[PDB]
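Presented below, as structure tokens, is a lone chain in the form deposited without its partner chain.
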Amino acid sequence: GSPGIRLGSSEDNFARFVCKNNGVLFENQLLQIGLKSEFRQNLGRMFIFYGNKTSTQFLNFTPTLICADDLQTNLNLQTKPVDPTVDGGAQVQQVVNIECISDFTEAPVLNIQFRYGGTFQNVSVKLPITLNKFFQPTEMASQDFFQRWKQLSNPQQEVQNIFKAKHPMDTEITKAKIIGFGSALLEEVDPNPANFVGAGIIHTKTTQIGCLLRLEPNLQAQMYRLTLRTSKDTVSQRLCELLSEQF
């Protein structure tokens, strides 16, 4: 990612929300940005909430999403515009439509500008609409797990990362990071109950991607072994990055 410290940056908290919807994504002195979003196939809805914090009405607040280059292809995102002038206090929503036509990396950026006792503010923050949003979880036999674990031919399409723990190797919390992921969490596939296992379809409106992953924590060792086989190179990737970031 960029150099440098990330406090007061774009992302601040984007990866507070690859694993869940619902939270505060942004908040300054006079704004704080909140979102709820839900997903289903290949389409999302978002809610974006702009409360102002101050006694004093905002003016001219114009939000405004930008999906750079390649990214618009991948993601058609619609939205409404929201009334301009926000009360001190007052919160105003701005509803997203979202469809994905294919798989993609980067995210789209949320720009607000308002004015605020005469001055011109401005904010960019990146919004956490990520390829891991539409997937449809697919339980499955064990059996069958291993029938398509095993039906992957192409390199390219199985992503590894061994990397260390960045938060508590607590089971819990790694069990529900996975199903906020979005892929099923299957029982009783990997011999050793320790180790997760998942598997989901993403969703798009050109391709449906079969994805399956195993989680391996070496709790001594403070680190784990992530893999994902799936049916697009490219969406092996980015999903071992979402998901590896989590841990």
Second form
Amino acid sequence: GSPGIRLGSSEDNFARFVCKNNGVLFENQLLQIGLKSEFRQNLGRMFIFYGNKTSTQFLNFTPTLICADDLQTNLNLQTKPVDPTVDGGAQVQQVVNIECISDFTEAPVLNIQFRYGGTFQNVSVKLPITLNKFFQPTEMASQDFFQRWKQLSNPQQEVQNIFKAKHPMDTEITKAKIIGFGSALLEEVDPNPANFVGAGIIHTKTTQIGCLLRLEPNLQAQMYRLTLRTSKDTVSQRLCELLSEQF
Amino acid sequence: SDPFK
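Having looked at the form deposited without its partner chain, could you now put up the form solved in complex with its partner chain?
Okay, now the whole complex, with that chain kicking things off.
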């Protein structure tokens, strides 16, 4: 995607917030933006923490959430005004109430405008609300898994990606990443114990999408094969896109 | 053999 160096961009740390909800999204020399989020069903609550790293107040501090056109239809975000004056060394919080209307690919933009020393300060960063946040894990027995796997009918509902590892292929980190992504992590389904299997339901207002995945590490080749099978083509695509970036 | 076909 988007060409050129991802440093000083709107998305430097986005990928660190797909399989976890808490941490520092952005930090320049004036402002730190932290996150803490929780999701249930098709809903979420995201706390955004604005930290003034300086010894002077920020004035007219105004964070705004922007959702590009298709995103508008698929994601509803509700929030309340933040106090515009932020003391040096202080933090102010914003709470963002999230409702997923239907599956979606784009991310909202958080724009922050404030005055510091009489100067106009402007920051834009992509906010890590991603489709996998709306997962319900679904534990099930291996027989039930394979019966559902083999109900795929529409070829477009199956998406596979064979890709080079970007990170060390550590077993326990991999387990943690799948659990953080949000599906159940099913053991004793793939007879090869080195592979990972997941199952869950993506919840949206209008549609519930059942999802099955398989991750096959190839340690000597430093490669993975990821397979998504779900009840909606666009969900298989976005989940494969997201998960692939994590390994 | 392979339950995934």
